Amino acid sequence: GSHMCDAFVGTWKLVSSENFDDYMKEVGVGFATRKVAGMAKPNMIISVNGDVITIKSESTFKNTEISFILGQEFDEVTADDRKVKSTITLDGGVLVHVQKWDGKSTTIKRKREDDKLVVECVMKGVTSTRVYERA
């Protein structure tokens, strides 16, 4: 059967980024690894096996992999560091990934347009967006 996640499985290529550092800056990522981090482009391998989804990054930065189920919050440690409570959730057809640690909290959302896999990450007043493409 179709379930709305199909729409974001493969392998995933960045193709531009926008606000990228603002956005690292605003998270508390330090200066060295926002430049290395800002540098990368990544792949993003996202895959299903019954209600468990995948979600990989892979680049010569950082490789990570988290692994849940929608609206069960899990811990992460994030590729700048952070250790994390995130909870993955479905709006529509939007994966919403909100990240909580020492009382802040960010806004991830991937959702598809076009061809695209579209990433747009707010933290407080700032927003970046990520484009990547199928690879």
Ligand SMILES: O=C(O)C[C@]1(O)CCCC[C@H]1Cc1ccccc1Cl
Second form
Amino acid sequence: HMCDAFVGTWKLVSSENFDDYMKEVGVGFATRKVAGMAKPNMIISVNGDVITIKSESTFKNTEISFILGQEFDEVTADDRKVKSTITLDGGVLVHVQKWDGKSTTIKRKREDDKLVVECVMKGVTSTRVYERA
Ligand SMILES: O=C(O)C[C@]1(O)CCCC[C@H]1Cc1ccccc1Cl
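So the form solved without the ligand is up there; where is the form solved in complex with the ligand?
Next comes the full complex, this chain leading.
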């Protein structure tokens, strides 16, 4: 019941500062422009200890499955090959990605009827707000 309030199908309804986040991560111009148009569906499910997060989008479809606290390989929507670890901290899913000596942290939280995704790279934050589909 660990992630019950996250489970479901969610649709992006607003974004702030995403272009700058992507720049900070190292995403190139064309990818930033195409990725920034997308309005993804995020589908979160749990089966036993395994959490699955899918992103269905006109840009890229992605899928990760993981156990909390257990590192895994991830290929991100912008084609970084990263090592990821996701934990639950005070009810927030905290996702750290490491690659090439760099790090970014993605927090996913339930706030009212929304699922808020906060993406941080050094000093740069982007906030992505999802609602139930
Ligand atoms: O789409 C989102 O709302 C969230 C997201 O799918 C997971 C968290 C990180 C940002 C984003 C992935 C992502 C990362 C770099 C370049 C383009 C993209 Cl699309």
